[PDB]
Each structure stands twice: as structure tokens, then as C-alpha cells.
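Visitor: Listed below are the residues making up each chain.
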Amino acid sequence: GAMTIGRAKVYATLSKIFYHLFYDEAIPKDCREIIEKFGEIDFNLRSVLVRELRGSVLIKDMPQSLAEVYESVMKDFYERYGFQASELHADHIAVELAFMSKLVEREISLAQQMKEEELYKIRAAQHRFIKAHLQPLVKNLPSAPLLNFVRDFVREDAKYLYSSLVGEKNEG
Amino acid sequence: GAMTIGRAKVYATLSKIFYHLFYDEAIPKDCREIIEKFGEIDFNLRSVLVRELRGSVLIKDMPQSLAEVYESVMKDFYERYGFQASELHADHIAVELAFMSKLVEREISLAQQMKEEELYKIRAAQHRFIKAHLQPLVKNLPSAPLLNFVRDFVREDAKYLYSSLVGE
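Those protein sequence lines, which keep their order, are chains B and A. Residue numbers are given in the authors' numbering: position 59 of the first sequence equals residue 57, and the series is strictly consecutive. Residue numbers are given in the authors' numbering: position 89 of the second sequence equals residue 87, and the series is strictly consecutive.
None of these hints come from the bench; they were simulated from the model. Treat the hints with care, since some could be wrong.
[Claimed, not checked] Below, simulated EDC-like cross-link-like pairs (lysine to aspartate or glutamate); rule was C-alpha separation at most 20 Å, straight line:
#	chain 1	residue 1	chain 2	residue 2
1	A	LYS129	A	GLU77
2	A	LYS35	A	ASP59
3	A	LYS157	B	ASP74
4	B	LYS129	A	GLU116
5	B	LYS157	A	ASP74
6	B	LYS113	A	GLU66
7	B	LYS100	B	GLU166
8	A	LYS137	A	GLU115
9	B	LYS113	A	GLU34
10	B	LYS129	B	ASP74
11	B	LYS7	A	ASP74
12	A	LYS7	A	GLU50
13	A	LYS157	B	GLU166
14	B	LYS167	A	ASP59
15	B	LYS113	A	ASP59
16	A	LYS73	B	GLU115
17	A	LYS129	B	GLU103
18	B	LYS7	B	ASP74
19	A	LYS119	B	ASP74
20	A	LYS73	B	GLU116
21	B	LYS113	A	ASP40
22	B	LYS157	A	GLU66
23	A	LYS73	B	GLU103
24	A	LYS157	B	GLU169
25	A	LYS35	A	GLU66
26	B	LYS167	A	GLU69
27	B	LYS157	A	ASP59
28	B	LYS157	A	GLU34
29	A	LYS73	B	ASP74
30	A	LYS129	B	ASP150
31	A	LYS73	B	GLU77
32	B	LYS119	A	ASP40
33	B	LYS119	B	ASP59
34	A	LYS113	A	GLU103
35	B	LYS113	A	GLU166
[What the hints assert, rightly or not] Covered, in the sense of this in silico footprint (three residues per stretch, anywhere, with C-beta under 8 Å from a C-beta of chain B), are these stretches of chain A:
#	segment
36	59 to 68
37	131 to 140
[As the list claims (entries may be wrong)] Sample of chain B residues at the chain A side, in silico, Cβ under 7 Å:
#	residue
38	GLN82
39	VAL164
40	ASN168
Every residue, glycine too, gets a C-beta built ideally from N, C-alpha and C.
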């Protein structure tokens, strides 16, 4: 329904925004309006910052030796769900957001098909991905209006996904 | 047939009973008879108790901070199958039972129409709903005759659905 359609739209729009900002392109009206529906915001970030918004960079706690294989970890997750690499590093926030959008789009299709067991698997994957990769990246974002919106959106989306799963997890 | 008709009836009747109790209303004779066909049961539960029979309240590892998004989870599941929550919270037991009744009614229709692909999907949806939402809710109900009846009915129904689905 509208709620899940909105999840996909926000992930897709945020990803498109970060691709534009990576190249110092203006944010188009359609993208701006989708995000501005939630409150006043600006998109005034420069490529010099946006290029560095990668998990292996932002997560300062990551052991160096594992930072060196993290893109491989990302790619295997992506490949397992048919998601293609772009020209950006696999751990870049634009790419991680695009991956979530693809997962939610898959969920939408499975919902329309009433494929409940497969939908469950894709929702589980969304949770796994948000817990392993995207939330750790976003929790280490520096403060700015757009980035703070992403923090809030991802925090609430993580809560939604976890709440979906917690009951069955604890059934014995 | 009779088995599936019976499943739909029990879910619908339990839902109706919980609505009456929520609203401090007497349980009508038709509802009582349906449930008591399985043995004597007392239907005395105070409205304040019944109002709190929500998945977000009952599921122990769900903190209160997740109750609002959990309502969204419930409504998302409902919408996929053309069901709307009522004026009650979407995670209230009365609503969850009503949703099961609607899924069983759809199963009955699909079986009459020999729509096999869709029938299987709907049965799988019932089982998923029980596993994900209704069984976790009923697990932590207080002990009382009606609550024990529902817990046991749901547990047996889950086993039936799982068995029916594993062959296939």
C-alpha cells in the first residue's frame, strides 16, 4: 500500500539525490518535493563531502584489515539479490540506498503476487542489510540537514523492520 | 467444506466476542453456543483487561517504542489481502481474528472456484500471519477459559496449516 510505496520512493529519491551531489549537480524539483514533504530541508552539500560518505570510511571502528575486504562483503550481498554495481564504491551511501530501494520494489511485487513466504525472505534481507551495513554507515554521518533526515528515516525504517520480525523470532 | 467453514466460523465468532467484551457488552447466545460446542467456557473478562490484548502489549520482547511502527506492520499485511482494521488498534486480538476469518472466507471462495494457485497462496498467507503476528500475541495471554480456548485453537490451527502446506 501507500506506506510501502513511500518507503521505496524515499530510498530511491535519497539515492538519486546523493548521485547528483556526488557530481555537484543540482537536485531536480521532483526529488526536492518528495523530501520536502516531511519538512524544511536543504541539499547544500558539496561533492568533496559526499564522495567520502562510504561505510568503510565513516565507520571509524572498522578494523583496517576488514575495511580492505568490505567492498567484497557488500558486493556478495548485492549479487545475492541481483543488484548491480555502479561506478561508485559499493559501500557508498548512494549505492546502499539504491539497494534498499530495489529490495522494497521487490517486496511490492511479491505483495501484489501474494507471495508471502518470499516477501518474508525479502523483508528479512532488508532488515539484515539495514542492520549490517546501512544503519552502521548512517549512524556515523556528520551533522547536516540532509544527513540528519537520512538518520531519522533509516532509524525509523530499522524500527519498522525489526518490529515486523521480533515476535516470531522469540517463539521457541 | 465443513472443516474450512468451521475454521472461518470460529475465527469470526471469537472476533465478535472480543469486540463485545472490549465494549462492555453481553455475549449473544449465538456466539456463546458456537464456542461452547467445544465445552463449557466462561466469557467474563472485564473491558479494561480486553482493551490491552494487543500484540504490542503482549509480545514480551517488543518495547513500547515499537508499538506505532508495529501498527504499520499490521496494516501493511492487512492491505495486501484487502482488509482494513476497524476503529480498534490494528494489533488488537479482535482485529487479528477478524483478519483470519476474512482469509479463510477467501479460501472457501477460491476452493469453490477451483482457483488452485490463489488458494495455496491464501493458505500460506494464513500460516504466515499466525506465525508472525497472531501466535506471538496469543502466547502471552493471561490464563482464563476464553483466553485458553483461543490460544489452543490458534496453536492447533497453525499445526494444521503447516502440515497441509509441507505436503507441497
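Visitor: Give a verdict on every hint.
Guide: Going down the list of hints, with the structure as the test:
no., hint, result
1, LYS129/A <-> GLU77/A, "18 Å, holds"
2, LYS35/A <-> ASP59/A, "35 Å, violated"
3, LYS157/A <-> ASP74/B, "36 Å, violated"
4, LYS129/B <-> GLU116/A, "34 Å, violated"
5, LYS157/B <-> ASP74/A, "15 Å, holds"
6, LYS113/B <-> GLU66/A, "25 Å, violated"
7, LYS100/B <-> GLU166/B, "25 Å, violated"
8, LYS137/A <-> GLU115/A, "31 Å, violated"
9, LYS113/B <-> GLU34/A, "36 Å, violated"
10, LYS129/B <-> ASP74/B, "16 Å, holds"
11, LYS7/B <-> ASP74/A, "16 Å, holds"
12, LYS7/A <-> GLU50/A, "24 Å, violated"
13, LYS157/A <-> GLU166/B, "15 Å, holds"
14, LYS167/B <-> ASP59/A, "9 Å, holds"
15, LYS113/B <-> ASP59/A, "27 Å, violated"
16, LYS73/A <-> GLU115/B, "18 Å, holds"
17, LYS129/A <-> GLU103/B, "24 Å, violated"
18, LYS7/B <-> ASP74/B, "25 Å, violated"
19, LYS119/A <-> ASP74/B, "31 Å, violated"
20, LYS73/A <-> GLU116/B, "19 Å, holds"
21, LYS113/B <-> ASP40/A, "39 Å, violated"
22, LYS157/B <-> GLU66/A, "10 Å, holds"
23, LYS73/A <-> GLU103/B, "18 Å, holds"
24, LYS157/A <-> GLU169/B, "14 Å, holds"
25, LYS35/A <-> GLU66/A, "38 Å, violated"
26, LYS167/B <-> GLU69/A, "18 Å, holds"
27, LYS157/B <-> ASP59/A, "13 Å, holds"
28, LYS157/B <-> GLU34/A, "41 Å, violated"
29, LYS73/A <-> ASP74/B, "33 Å, violated"
30, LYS129/A <-> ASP150/B, "30 Å, violated"
31, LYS73/A <-> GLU77/B, "31 Å, violated"
32, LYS119/B <-> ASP40/A, "41 Å, violated"
33, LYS119/B <-> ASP59/B, "30 Å, violated"
34, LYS113/A <-> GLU103/A, "14 Å, holds"
35, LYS113/B <-> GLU166/A, "15 Å, holds"
36, 59 to 68, "holds (count 6)"
37, 131 to 140, "holds (count 5)"
38, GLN82, "28 Å, violated"
39, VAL164, "6 Å, holds"
40, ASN168, "5 Å, holds"
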